[PDB]
Structures are given as structure tokens and as C-alpha cells.
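Coming up is one lone chain in C-alpha cells, specifically the form deposited in one PDB entry.
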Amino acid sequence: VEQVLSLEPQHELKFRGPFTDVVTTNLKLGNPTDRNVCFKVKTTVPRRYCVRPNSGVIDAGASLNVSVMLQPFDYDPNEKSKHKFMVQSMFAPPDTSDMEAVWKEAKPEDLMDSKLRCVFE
């Protein structure tokens, strides 16, 4: 199922040092359609990043800049990959603003997944 959002970057999030401090990089999500689109940002290491906003609605025709903040470290050595992100999107149903139940209700063909890899430079 094709991602209707535009992503910039679309494949790799690049984080430049120093890695003793937070490193913020941008993820721009653009909605070229005539419908509002809900989105969620997920990662394999949620304790290592602060992502703002991490979910929400992008109105028809609008873009949103998501701040992805790599923290210096966390206390979770049992986190598998520190390096994978995913943007999940779905159209907002017309008469709906309780996004939580929408996501639960969603059929797999209604969910659009875009994966990204983090690279530390």
C-alpha cells in the first residue's frame, strides 16, 4: 500500500555529533491530498529518542516538521536496534477526531508504512 505522505528525508535520518549532547534532526511530513491524514512515528528504541510531535493529524495540503531528538544514551541495553524508525499513516475518517479508536479499527490495507534508518556521523 503506497505512502500518500511525502517524507523528507524518506530513507535515512542523519545525526551529526557530538554524541555527548542531544542531536536534533528534522523529518518533514507533507500531505499532498485533499484529506486529513493521521500519522504515528515509531522506533525500535523509543527510550533513546524524543520525537515531537510523535503522532497527530496533518491537514490536507499541509506539512509538519517532526523533531527527532537523539538522546546521548539510555538505560535500556536490551533494545535491539538503535537505528530503525517508521512513519505509519492512514486517512482520517470524515466525522472523527478520536484518533485512538480509528487506529485500532484500521484494516491492514488502510495503513501506510514508511521505514527509515538512522545513521550516526
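Residues that one form lacks are left out of the comparison. Only the largest set of C-alpha atoms that superpose within 1.5 Å between the two forms is called the rigid core. Residue numbers count along the first chain shown, from 1. Compared with the form deposited in another entry:
- After superposition on the rigid core, the single residue among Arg35, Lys82, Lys40, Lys28 whose C-alpha moves by 2 Å or more between these two forms is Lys82.
- Listed in sequence order, the runs of at least 3 residues with C-alpha movement of 2 Å or more between these two forms, after fitting the core, are 73-82, 107-109.
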Given for the second form:
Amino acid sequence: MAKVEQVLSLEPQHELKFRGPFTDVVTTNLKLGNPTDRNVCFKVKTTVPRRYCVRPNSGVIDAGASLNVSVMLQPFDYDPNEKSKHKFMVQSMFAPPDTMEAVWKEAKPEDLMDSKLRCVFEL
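The structure above corresponds to the form deposited in one PDB entry; please give the structure of the form deposited in another entry next.
Shown below: the chain alone.
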């Protein structure tokens, strides 16, 4: 089974950029838009869970609405010469009527819509 195109709109679309210094937390924004007539459930995933704090990391976007997801890069030891293998992904699914975690649990993979972003470190 093939996966369906992403329903949400993403800003940025492909790239999450983090500019140093990395002494303090570096927050970058990921705006998710729901331009549809139905509420859309979303979950944020990443290849480096312990390096970030994502607020919110999941939830529901109302119809015709937009959410600012704060991707927070925790302070670390930056090596300019190392390439950030860090990636993110937004999974989405249509919220069933009159409705959570029980929904995600029984969601088959083609029911999920994926969008991947790559993390870029500068300075």
C-alpha cells in the first residue's frame, strides 16, 4: 500500500535551520497549517529524540487553523566539521468524528501521512 500526500502545510518545508551559539537553547519554528474542513491529528518524530525538546510534540490542529511547533535544540558541544545526521518527520492523520492515543494505536501505516525535514547547523 502506498502512502497519501501530506494534507498539512509545512513552513519550513524541507529544512530546519539552527544558528549558534549553542550555549543557550536554540529554538526554531515549524508552522503546521490545516487548510481543510476537518481536524487533523499530528505527531512529531525525530532521529535524535534526546537532543531536542518539541513543544508540542503531538496534538490536533483544528480545521482552517495553524499551529507553531517549537523545535528546541538543547545546548551541546558543536563540531563544525561533523554533519548533522538529525532529521525530523511530521506524521498526520484525519481525526475520526467525535474524537487520541487510542486512534494512533490502531492506525495502519498507509493511514499516516509523512513529511520529512533535515536539520542544518550553522555558526
